[PDB]
Amino acid sequence: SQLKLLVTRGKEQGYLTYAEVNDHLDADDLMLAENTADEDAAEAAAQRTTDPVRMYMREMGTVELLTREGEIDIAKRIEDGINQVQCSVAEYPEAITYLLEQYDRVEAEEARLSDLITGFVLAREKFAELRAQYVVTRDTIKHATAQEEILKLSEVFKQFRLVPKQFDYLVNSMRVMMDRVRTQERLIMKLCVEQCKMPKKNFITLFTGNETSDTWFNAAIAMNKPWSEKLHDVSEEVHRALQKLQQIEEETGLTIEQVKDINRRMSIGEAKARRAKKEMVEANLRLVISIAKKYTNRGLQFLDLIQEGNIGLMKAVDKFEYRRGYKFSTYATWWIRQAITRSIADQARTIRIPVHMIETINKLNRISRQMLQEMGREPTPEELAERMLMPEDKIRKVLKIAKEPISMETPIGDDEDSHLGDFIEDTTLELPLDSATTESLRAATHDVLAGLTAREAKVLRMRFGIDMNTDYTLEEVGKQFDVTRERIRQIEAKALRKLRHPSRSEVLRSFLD
Amino acid sequence: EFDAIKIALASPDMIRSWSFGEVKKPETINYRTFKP
Amino acid sequence: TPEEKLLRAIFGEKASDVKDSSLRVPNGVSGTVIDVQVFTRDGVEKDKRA
Amino acid sequence: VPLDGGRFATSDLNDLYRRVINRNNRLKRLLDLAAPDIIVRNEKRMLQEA
Ligand SMILES: CCC[C@@H](C)[C@H]1CC[C@H]2[C@@H]3[C@H](O)C[C@@H]4C[C@H](O)CC[C@]4(C)[C@H]3C[C@H](O)[C@]12C
Ligand SMILES: CCC[C@@H](C)[C@H]1CC[C@H]2[C@@H]3[C@H](O)C[C@@H]4C[C@H](O)CC[C@]4(C)[C@H]3C[C@H](O)[C@]12C
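Chains as they are written, first to last, in PDB author numbering: chain A, 7 to 31, 38 to 52, 77 to 83, 93 to 166, 216 to 236, 242 to 612; chain B, 16 to 51; chain C, 896 to 945; chain D, 253 to 302.
Simulated from the structure, these hints should not be mistaken for laboratory data. Note that CB positions come from ideal geometry on N, CA and C, so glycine has one too. A few of these clues could be false.
To be verified - When the alpha-carbon atoms are kept at most 20 Å apart in a straight line, the in silico EDC-like pairs for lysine to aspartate or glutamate are as follows: (1) A/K121 / A/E146; (2) C/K914 / A/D612; (3) A/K499 / C/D937.
Unchecked claim - From the structure, some residues in chain D lie toward chain A, with a derived Cβ separation under 10 Å: (4) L255; (5) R259; (6) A261; (7) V272; (8) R275; (9) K280; (10) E295.
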């Protein structure tokens with residue numbers, strides 16, 4: 007409607023003014045103006094802010110700030126999560142064996158004692223106790244009382260605190276083991292169900308409950324059903340998968356259903372941790388944006404600063420505890436500032452400068468400012484070195500840094516919109532006269548070298564790579580000419596002497612200089 | 016030598032065929048030795 | 896390049912190792928020098944002319 | 253290209269390519285931390301813009 011009137015006016019007059027279009031109508041205004049100019077048709081006639098920052102502000106707005114207690118609950122939630130997964134992984138047997146083997150290797154002086162463990166809830219004594227418990231529990235797998248022994252082993256294992264790196268390594272190892280088991284199970288299911296339409300009911304009745312022997316598959320082949328008969332063709336791969344599963348069962352030492360339940364609990368705890376962390380960050384996005392407004396004109400665009408600040412917050416929220424009592428807005432601003440500053444020092448200038456050199460440049464700038472204000476005129480490199488404690492050559496080197504490259508389109512002609520890039524010459528091109536000189540030299544050499552005995556010409560072309568594919572030494576040309584590295588030198592010297600005196604080589608003298 | 020010019024859209028396979036390698040870092044040259 | 900190497904071997908000439916980026920009067924000009932002035936960094940030797 | 257002195261001159265395409273690569277690498281890093289969807293959405297919008 008409103009656009010239709012403006013279009014009618016423009017068609018009648020063929021042109022429109024900014025005021026008329028604006029009235030009859038920042039990025040939305042520019043988009044509308046661009047659309048209007050389309051006609052000078078059907079698509080434009082028929083036809093939010095598009096700013097990535099305004100949309101970010103909008104999407105962040107639908108959030109609720111957290112009060113002092115509003116964090117505490119979230120905090121405890123996180124702890125529960127992690128605690129759960131600990132209890133989820135305390136039951137894994139191979140973990141304690143790996144811990145003991147790693148500790149023994151450390152005792153073999155392969156690593157520092159303290160690096161292995163961040164203490165416990216003395217290190218050698220606790221390791222000895224752990225080894226004693228492991229040896230007394232591993233040799234008592236006998242079922243009836245073994246469960247209580249394993250429970251006590253895990254409970255004493257709980258008293259220990261593990262480094263995050265190796266704990267995550269153990270978690271990943273368990274995950275890959277479970278992934279191998281699940282991949283084998285999925286291969287079995289695909290080869291038995293899709294290939295033979297094997298009902299799920301039979302799989303539940305047979306596979307579940309034991310999941311160790313081959314009775315669930317091998318003994319089901321005689322069930323008098325079409326799927327059982329069809330399983331004969333794919334019995335080899337299923338049998339191999341069953342063998343792998345039986346081997347893995349030895350490692351697990353537990354019912355696979357228990358492993359599935361443990362993994363389910365671990366996933367629930369991980370999700371809880373994740374949801375808590377998301378809720379925390381969503382609230383703290385406001386803090387992140389508030390901090391990252393002091394670095395506007397530094398080479399990075401506002402949104403890049405905001406995103407780097409968001410990385411630091413996600414790192415803090417994972418490393419924040421409510422025992423200290425620091426109001427997040429005090430344990431978090433540090434990480435945000437660190438991340439933003441490091442990012443500015445890593446991706447703000449095209450020719451990257453290390454962090455330490457950036458700090459040196461900033462310190463030099465601050466000292467120069469102080470000196471300029473104090474003395475009044477200016478600081479010189481000698482005075483800068485005296486005030487800054489440097490050899491006065493490092494100062495000059497730092498001052499000689501290449502600053503920031505000039506845009507190659509900087510209008511410099513000022514007469515025909517010429518750019519700075521039109522006046523930069525190619526310094527590696529070979530002048531056309533030098534190419535002609537090279538060709539003339541080649542011709543002269545070819546002419547002269549034909550004026551001596553063929554053996555001399557061959558020897559000279561062999562030593563110097565004249566028209567040859569590659570240079571050659573004395574012994575190679577000797578192999579060519581059935582002489583040994585001495586007559587060849589003599590003939591070469593004779594030929595050079597012959598070419599030496601004038602009346603045989605005079606144009607070459609002209610080429611020389 | 017060619018006698019005609021053809022224009023069309025580029026598949027991801029075509030774009031990988033033109034290239035001689037993938038650019039992974041935003042770096043240009045060393046600030047000290049001026050080497051790539 | 897090979898051949899230039901042969902020319903050097905024949906006439907036993909060494910490599911310059913230094914270019915000749917000297918200041919010379921532009922082509923087509925002809926005048927008299929009326930003034931010369933030298934500027935040198937603080938930490939240099941100030942050749943006789945300076 | 254180096255100019256006389258310690259100065260340089262560069263085309264504007266180097267800046268644009270650097271921005272594209274920085275945002276792409278940041279997004280790839282971010283997709284490993286399992287960040288909240290707000291952050292990845294903002295990162296993808298920025299990548300499209302670049
Ligand atoms: C409107 C046109 C602007 C243009 C004429 C001005 C603006 C910035 C100036 C350049 C920069 O200072 C960087 C270098 C400094 C060196 O010392 C001398 C060369 C150098 C390229 C300068 C020459 C010229 O003076 C420039 C290009
Ligand atoms: C009025 C227009 C001025 C223009 C004729 C003058 C003023 C500054 C000069 C350039 C700058 O010095 C930077 C470079 C220096 C290099 O040594 C040679 C190339 C380079 C681009 C210079 C060529 C030219 O001479 C410029 C553009």
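Tested hints:
As the CA atoms of A/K121 and A/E146 are separated by approximately 34 Å, the hinted pair breaks the 20 Å bound. The straight-line distance between the Cα atoms of C/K914 and A/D612 is roughly 15 Å, inside the 20 Å bound, and the hint therefore holds. Note on A/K499 and C/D937: the hinted pairing holds, with a Cα-Cα distance of about 16 Å set against a maximum of 20 Å. A cut of 10 Å between beta carbons decides the hint on D/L255: the least distance to chain A is about 7 Å, and the hint holds.
Hint on D/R259 holds. Least Cβ distance to chain A is approximately 6 Å, under the 10 Å limit. The interface hint given for D/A261 holds, since its Cβ lies 5 Å from the closest Cβ of chain A, which is under the 10 Å cut-off. Given hint, D/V272 at the interface with chain A, is violated; its Cβ is 12 Å from that chain's nearest Cβ, farther than 10 Å. With a least beta-carbon distance of about 8 Å to chain A, the hint placing D/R275 at the interface is held under the 10 Å criterion.
A cut of 10 Å between beta carbons decides the hint on D/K280: the least distance to chain A is about 13 Å, and the hint is violated. Given the 10 Å rule on beta carbons, the hint for D/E295 holds: about 6 Å separates it from the nearest Cβ of chain A.
The structure does not agree with the numbered hints 1, 7 and 9 stated previously, though it agrees with the rest.
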